[PDB]
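Coming up is one lone chain in structure tokens, specifically the form deposited in one PDB entry.
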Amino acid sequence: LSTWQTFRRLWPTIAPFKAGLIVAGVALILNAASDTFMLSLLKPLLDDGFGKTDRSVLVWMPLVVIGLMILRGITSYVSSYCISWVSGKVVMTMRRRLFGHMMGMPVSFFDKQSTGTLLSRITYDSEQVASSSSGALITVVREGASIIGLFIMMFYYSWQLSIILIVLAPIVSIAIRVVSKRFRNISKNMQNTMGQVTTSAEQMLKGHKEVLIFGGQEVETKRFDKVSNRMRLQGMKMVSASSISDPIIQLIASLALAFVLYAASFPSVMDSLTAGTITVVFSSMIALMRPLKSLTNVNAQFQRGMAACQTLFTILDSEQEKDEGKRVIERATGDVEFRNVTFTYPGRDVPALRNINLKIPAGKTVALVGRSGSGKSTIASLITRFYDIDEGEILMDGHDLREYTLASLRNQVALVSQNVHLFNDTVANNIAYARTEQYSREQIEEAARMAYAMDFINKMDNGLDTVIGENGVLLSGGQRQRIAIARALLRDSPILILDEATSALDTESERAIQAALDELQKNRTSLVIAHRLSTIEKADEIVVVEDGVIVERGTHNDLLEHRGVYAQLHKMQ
């Protein structure tokens, strides 16, 4: 994309805020008129001096000065506020769009991505668009208008002396194009290195205990020194590009003044031009040099937001998770059936699942038994369509999972596990997450009571109104699991995927969690990734998965009689 093609994509997110641009332009025009009036009123005083001015006017001069200063202040405030308003609105819109697009990405997208990269895209890359939104555009318009008006003036006074403008405009245009490409390249490099800095800090924070145990504060110091210096040198590249471009443009511009002075040294080429137009033309190019410098100065900021806009639009054109299904399931009252389901993780060679033929009958419990890495977690992820299967089909209520909408499909499945993510909000808002307007406080309290969680909630500062989250008031593993059980009871999801806890907690918490899960939770179509023999023995059907295939299936007594894999696994339990 060229600097015009990417700007036309950025215009639709500035159009809702073009009223600020219009008001800023009107205020700037008023300010220019006031300054012109001030200069007209002030030139006699500065040039001729005091004494040649009428005394009566001098009495009213201070009030005029104060009023003109007040008008200038009002217009300046209006212009600055409107420009910054448009810039901030555009930056906020870009941030929200990036956040929503990241929210719509597939689960596989986040495995190949680093968190620091996305964080820098939201926090750093979006801010760089601010320049090319309001301030740079207005500056470009003003300086271009000044340059065009000066060109028309120069060709009106002397067209022959102005052929140097036709000679030199392509040169400055070429230089501006070259340095604009350079600016965009440097800006993209800076964005990448900012993401790298964020990632390096994140990796130090995530492995801080490993840095303490093994030492290596020195090696991490050097590793971060490299990235910090890389960001420093990228900024230096930007500065050097700007500081080399501006003087070169100014020198090419002054080539015109040099040509005019050389032409004015010829008596033959001096009397024809009356020696009065030459002075006007020379002053015109002198006045032309300044807006050119302003334009080249604003070009660097404009190309830093054009490079950010290009990256942001490339991100916003990415492929989100496929939602081509149109059916809307209300309640899954049927059986979840796997029909020859073969799945391979993206980027991996060996399939995680091979020819899986698994049925979960309605209202029954199926226990997935197997070692770590066998594929039970893959089955759980495929049921909720976090990944799409390569071959086969998974049927919910007799229809394939890819035919239902993602929202309606995921409204049917409840995921209960020891590891619970707590959203930064109140406890009741966590129990009724995404459905606060649907469930009342009485229903929330009933669900929390049924999940055996009211005791610890009532032992807090505000009970159900205590603001909890991952950052702040947190809960132990049992308490968050009971909160998840309360959420699943309130939602009343027909299908339950239970990822069992590998380690038992204290007797009270264990008893409460077991009572909740047994009496209240497990009365629906349940698939449990089980870990303790007790829950295996209480399951309606047991499926043994080894190396991505099902090697055994049946009940506890049946599989004990078969003396298969489950026999040995129950033995070592």
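Whichever C-alpha set is largest while still superposing within 1.5 Å between the two forms counts as the rigid core. Positions refer to the first chain, counted from 1. Compared with the form deposited in another entry:
- Looking at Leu30, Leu42, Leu533, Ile529 after a core superposition between the two forms, you find that only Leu533 has a C-alpha shift of 2 Å or more.
- Once the cores line up, the CA of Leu251 ends up less than 2 angstroms apart between the two forms.
- With the core held fixed between the two forms, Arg480 has its Cα displaced by at least 2 Å.
- Taking 2 Å as the criterion, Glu500 counts as shifted between the two forms: its C-alpha moves by at least this amount when the rigid core is aligned.
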The other form holds:
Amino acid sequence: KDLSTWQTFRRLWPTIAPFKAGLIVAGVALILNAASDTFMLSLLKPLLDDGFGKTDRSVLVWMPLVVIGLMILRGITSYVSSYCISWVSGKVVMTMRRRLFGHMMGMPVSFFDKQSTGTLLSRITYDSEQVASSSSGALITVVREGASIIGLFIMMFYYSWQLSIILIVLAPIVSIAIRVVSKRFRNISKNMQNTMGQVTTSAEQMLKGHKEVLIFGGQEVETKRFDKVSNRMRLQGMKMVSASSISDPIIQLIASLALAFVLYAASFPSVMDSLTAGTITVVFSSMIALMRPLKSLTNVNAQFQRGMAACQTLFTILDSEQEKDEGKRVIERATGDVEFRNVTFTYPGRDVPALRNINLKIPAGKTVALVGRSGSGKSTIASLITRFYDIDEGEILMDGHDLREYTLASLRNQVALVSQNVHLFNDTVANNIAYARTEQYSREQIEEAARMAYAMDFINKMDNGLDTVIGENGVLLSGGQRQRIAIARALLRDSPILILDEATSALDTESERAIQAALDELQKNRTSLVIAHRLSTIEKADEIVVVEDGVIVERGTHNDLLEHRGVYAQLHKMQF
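Would you mind giving the form deposited in another entry, to go alongside the form deposited in one PDB entry above?
All you get below is the one chain by itself.
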């Protein structure tokens, strides 16, 4: 996927298009600074080379103030240009991060379980930053050196076309060398920024798994892994710098070969050489001045190509497959008649389907309970209900119409659940209870929701009631308190459809039935999808469905299931 530089710069250009004013101001500052420098050199040459005594004293009287003002203008122009190019770079590296965040955040769930969090995070701190160098400063430098080279080429063409033939014949050679060097530079630039994701992943694994890496020993295995990864990154950087330091000698050697050729041509006492001997010095002096522009362009090529490769891979990821959003049907306060018709779902990368012809009905104002073997089909149904994944066959109808027909935001706004592995945010308890809706819900509503979840008992025991930070993933408050806070968060939404995916997994029986009674009393005629391995919490459920290997086994009321004496009664007799 090593795209050509020009055609990816063309795609990068629209991102920098709003900030063309900074670039043009930088350019006008550059030409003004060049004019001021030429003015200063022209006025300084007679004073230095000829001598102070030779120069007139009348102009020398005002010379100090004149030079002070001239260089003050030079410095202000340099400041303006540098600030403008840096501003362009910063504003084009800010938009890149914004787009990466807004695009990766809308990715489907099936994409997040394949990639690692570290390698996704490493593209917002390192991959995006590399475009900054190649966006504005490198482009301006390349344009300036190309203009200088073209000017010197025109000067050679006007002065003497006989001695300029070698530059024409070596231009393919130097162009090919620059092209292969740039392609290689992009290669290591893409490879090295990919292994920084490995660095971030290796760091994150130890950062987020400190407890078990302490408990289970292995204080050296993680160190060895990180050492190998860091050595890989360091050697990638070494390869990049070695290529950078190799590229310059070859271009310089080509230029010196041209120098040797022109010196050898001037060695021959030809009639044209003898008649145009004065022009030989002129062309030699002009060509000896190409060394600096060539060196500057070739040196800045390294940063330009690193940034260009980062841009290439960044636009590669930015054009990935996002979540499906074909359906555009806004629905407000749906009844919640979720119904399944012969839907079979298969997780990506798995040959065996997770669900086989699963069929269940969730009418309005009814609580349905799913039980069965661990890990058979339970959480998968709740995942498909909110469309975390995409169904393969069958049809899932919400309020009589297909889920794919409704817009994603409306569907997610009408479904609120308690995740099996609750991941609380590092913020205040009030902000966590009412997440992403702090401006819509008052403090009284938050307190009432917390009370409905039997969470106000331990909240007041904290240092600051409903205002205490709980750290990363809610480490501060441990165990069942996280589940109670999640229950309060789900209840505060007042969602038409509420799903309890192991609501009381880590809750004692004293508060489990209190929460169940609160749900039964304060949430009457609300569609509920309760999932639990404890049958005692679903004794009053309207109907129970048993899932085993992702298929329908037994459905009906608790008394009907007990009289059936099937799998549900087998589990109930074992639980007692």
